[PDB]
Amino acid sequence: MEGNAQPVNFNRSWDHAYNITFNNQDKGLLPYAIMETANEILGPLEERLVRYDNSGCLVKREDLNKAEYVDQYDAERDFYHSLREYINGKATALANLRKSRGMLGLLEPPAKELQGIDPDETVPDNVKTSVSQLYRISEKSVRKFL
Amino acid sequence: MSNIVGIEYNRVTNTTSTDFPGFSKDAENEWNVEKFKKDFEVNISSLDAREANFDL
Amino acid sequence: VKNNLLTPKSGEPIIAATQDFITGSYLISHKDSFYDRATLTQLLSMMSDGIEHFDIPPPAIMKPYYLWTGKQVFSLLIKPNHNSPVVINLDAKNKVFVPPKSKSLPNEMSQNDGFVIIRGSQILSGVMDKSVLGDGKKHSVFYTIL
Amino acid sequence: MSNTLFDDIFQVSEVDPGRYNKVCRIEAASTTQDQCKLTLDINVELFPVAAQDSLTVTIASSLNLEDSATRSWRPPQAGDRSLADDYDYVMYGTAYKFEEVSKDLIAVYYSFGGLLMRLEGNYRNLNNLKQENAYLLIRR
Amino acid sequence: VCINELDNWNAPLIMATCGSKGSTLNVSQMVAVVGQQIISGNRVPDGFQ
Amino acid sequence: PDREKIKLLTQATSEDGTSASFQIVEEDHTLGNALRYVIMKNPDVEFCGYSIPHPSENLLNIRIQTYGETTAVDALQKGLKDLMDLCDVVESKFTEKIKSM
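In order, the protein sequences belong to chains B, U, S, L, W and F. Just so you know, we're using the deposited numbering here: the first sequence kicks off at 926 and counts up by one. Just so you know, we're using the deposited numbering here: the second sequence kicks off at 1 and counts up by one. Just so you know, we're using the deposited numbering here: the third sequence kicks off at 537 and counts up by one. If you use the deposited numbering, the fourth sequence corresponds to residues 1 to 67, 74 to 146, in order. Just so you know, we're using the deposited numbering here: the fifth sequence kicks off at 780 and counts up by one. Just so you know, we're using the deposited numbering here: the sixth sequence kicks off at 42 and counts up by one.
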């Protein structure tokens, strides 16, 4: 196990994943997009955990956390919630950067509408060499983090 | 450079060689026998039996 | 003794530099230690016995004379060439770590060399003072390659 | 000119050799742009710097000024015109971290193999990518 | 006082800035003062009378 | 001749003679450091160090590594031909001053 009795060390495993798959020739992503690349992998990890009740069958989807149907595991189910929330605390940092740097920070994902609003052409080319020059996240760098 | 070991009150400095090409861009002091044969000199100080004293 | 670099009490590494390998690899990584090509080569050929193939990185001080530093010669005993697969990332706080101006300048800009930074198996700052090599601390060098 | 990424003229402020004898951190202040400033490490056995002095910073790239499968590094030949045939003291190193100081103020961390540097601009230094190789270039 | 008012390339300074062997307690007893001895939580009680 | 002498480690050499690593018996630092000075004055060599592996046994390992111009096995055969010529200047100049005295 790594530091403070968790087998992760989320800081170093991020910075090890960031250097090993670094490039500026690759494009980068938007703050809404990186959470769905995360939920693509650890999504199907959670539904394998079934959460049966005390008698064989399943339990109703209302009032799961009730301190009464805690089965043979809860910390492994709680492990994926902390791996999601670590990226969520970093998903906002790109959004709250690109908000105050002039662009619109779309943390929320767009619906069934004009797909690819793409604010590249709207704001001038100084902004695309502002946010992505400071820091940036490839789609490869989230495939290799988790 | 200037081949002087620098004595001071807690250290000595540049004790190593720095006499080889590939140390500065103007890659001088390559090996050359005739460029060595002119500068090498020997000065023999007080010499007797059972003791010698001479410079290289 | 390869499978027991770690003690199962806490998980810290127990087999690291004893009390004279630290102060040998500190006078190299002292910030005012500069080597030319013929002295680096002799220094670089004692860590092996003339078997490992090195390839020399381009030197730090370049215009007046050609000078390396005491960290480029220490970032070669981690990854000696392209065929060795070791590439690490680590951020660790030294034994003393006198703090910077504490709000503007980050942890790297200490008065001494202080906080250590390595990215892609090159030392970028900091020294080797038993917090990064030796025992006890979980975030050492020899722990990361292990 | 074709390779220069950045160039200004600085008047240094403070020279504090803390517990060293051959490396001392300097301070600077730009005399033409009125915002940017940097701290830098200079080994002063071979480029001696004094307080309140003018000097040039030039972050070039690939000094060869125009245009053997051994993976090593080799110097240029003896007779070759090049960039930094006219300055006094150049260095070499990588960028590793970009972080903004405040509103419209971003800082840049170069580390020249142990010897650190921090300058902060206001998007005036737009050409500084996170590339592998950049060279400082200094005249007196 | 004895640490910051003390030059570099001091030998018991440069192996206590590391963690090899020593402390800023052990060098302070060699140059400044050896302090007050304790005897099992007691500051040398009386011997006789 | 003899062949328990200078000897190329095939395990640590390149596909051509650019990088090569040798193993010399019966000879300690007295040659191993003299040969380092006279080799590195070649404008072609980039890397020439040595290392004694263990002081119980007696054998030296010399390392030699150059650019693409000349092979390293041709670099030290030029190198220790050039220490031979280095002693001829010293022996001649010293002996003509003794006779003078």
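One or more of the hints may lead you astray.
Said to hold, decoys possible - In silico BS3-like pairs for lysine-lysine, Cα to Cα no more than 30 Å straight-line: (1) S:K637 with L:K136; (2) B:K952 with L:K22; (3) S:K674 with L:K37; (4) L:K37 with B:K1053; (5) L:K136 with S:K538; (6) B:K1037 with B:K1053; (7) S:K615 with L:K37; (8) L:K37 with B:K1024; (9) S:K538 with W:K800; (10) F:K134 with F:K119; (11) F:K48 with U:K37; (12) F:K122 with U:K25; (13) F:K138 with U:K35; (14) U:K25 with F:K138; (15) S:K545 with S:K639; (16) L:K136 with B:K952; (17) L:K37 with B:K1069; (18) F:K134 with F:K82; (19) B:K991 with B:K952; (20) B:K1053 with B:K985; (21) S:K674 with S:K639; (22) B:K1069 with S:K637; (23) B:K1069 with B:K1024; (24) S:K674 with U:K25; (25) S:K631 with S:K538; (26) L:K103 with L:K37; (27) B:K1053 with B:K1069.
It should be emphasised that the hints constitute simulated quantities derived from the structure, not laboratory data.
Evaluation of the provided hints:
1. The straight-line distance between the Cα atoms of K637 of chain S and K136 of chain L is roughly 26 Å, inside the 30 Å bound, and the hint therefore holds.
2. With a CA separation close to 44 Å, the supplied pair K952 of chain B and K22 of chain L exceeds the 30 Å bound.
3. Under the criterion of a C-alpha separation no larger than 30 Å, the hint pairing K674 of chain S with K37 of chain L is inconsistent with the structure, at around 38 Å.
4. In summary, the hint linking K37 of chain L to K1053 of chain B is supported, as the alpha carbons are separated by about 25 Å, within the 30 Å threshold.
5. Taken as a hint, the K136 of chain L and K538 of chain S pair is broken in the structure, with Cα atoms around 39 Å apart against an allowance of 30 Å.
6. Using a Cα cut-off of 30 Å, the hinted pair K1037 of chain B and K1053 of chain B holds, with the two alpha carbons roughly 26 Å apart.
7. Restraint check: the Cα-Cα separation between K615 of chain S and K37 of chain L comes to about 35 Å, which exceeds 30 Å; the hinted pair is violated.
8. A threshold of 30 Å between alpha carbons decides the hint, and for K37 of chain L with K1024 of chain B the separation of about 27 Å falls inside it, so the pair holds.
9. Of the supplied pair hints, the one linking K538 of chain S and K800 of chain W holds, its CA atoms being roughly 26 Å apart against a limit of 30 Å.
10. A C-alpha spacing of about 24 Å is found between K134 of chain F and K119 of chain F, which places the hinted pair at or below 30 Å, so the restraint holds.
11. At most 30 Å may separate the alpha-carbon atoms for a hinted pair to count; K48 of chain F and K37 of chain U exceed this at roughly 33 Å.
12. A hinted pair counts as satisfied when its Cα atoms are at most 30 Å apart, and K122 of chain F with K25 of chain U qualifies at roughly 27 Å.
13. Taken as a hint, the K138 of chain F and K35 of chain U pair is honoured in the structure, with Cα atoms around 20 Å apart against an allowance of 30 Å.
14. A distance of roughly 39 Å separates the Cα atoms of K25 of chain U and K138 of chain F; the hinted pair therefore is violated under the 30 Å criterion.
15. About 38 Å separates the Cα atoms of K545 of chain S and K639 of chain S, which puts this hinted pair outside 30 Å; it is violated.
16. Between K136 of chain L and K952 of chain B, the direct Cα distance comes to roughly 14 Å. Compliance with the 30 Å bound is thereby established for this hinted pair.
17. Distance check on the hinted pair: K37 of chain L and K1069 of chain B sit about 38 Å apart at the alpha-carbon level, beyond 30 Å; violated.
18. With a C-alpha separation of about 22 Å, the suggested pairing of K134 of chain F with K82 of chain F holds against the 30 Å cut-off.
19. A distance of roughly 45 Å separates the Cα atoms of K991 of chain B and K952 of chain B; the hinted pair therefore is violated under the 30 Å criterion.
20. Our distance criterion of 30 Å between C-alpha atoms is broken by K1053 of chain B and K985 of chain B, whose separation comes to about 48 Å.
21. With a C-alpha separation of about 27 Å, the suggested pair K674 of chain S and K639 of chain S falls inside the 30 Å cut-off, and the hint holds.
22. For the hint linking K1069 of chain B to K637 of chain S, the alpha-carbon distance of about 36 Å lies beyond 30 Å, and the restraint is violated.
23. A hinted pair counts as satisfied when its Cα atoms are at most 30 Å apart, and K1069 of chain B with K1024 of chain B qualifies at roughly 27 Å.
24. As the CA atoms of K674 of chain S and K25 of chain U are separated by approximately 45 Å, the hinted pair breaks the 30 Å bound.
25. Proximity of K631 of chain S to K538 of chain S is assessed by CA-CA distance (about 27 Å); at most 30 Å being required, the pair is judged to hold.
26. Proximity of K103 of chain L to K37 of chain L is assessed by CA-CA distance (about 17 Å); at most 30 Å being required, the pair is judged to hold.
27. Of the supplied pair hints, the one linking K1053 of chain B and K1069 of chain B holds, its CA atoms being roughly 25 Å apart against a limit of 30 Å.
The structure is inconsistent with the numbered hints 2, 3, 5, 7, 11, 14, 15, 17, 19, 20, 22 and 24, although it conforms to all the rest.
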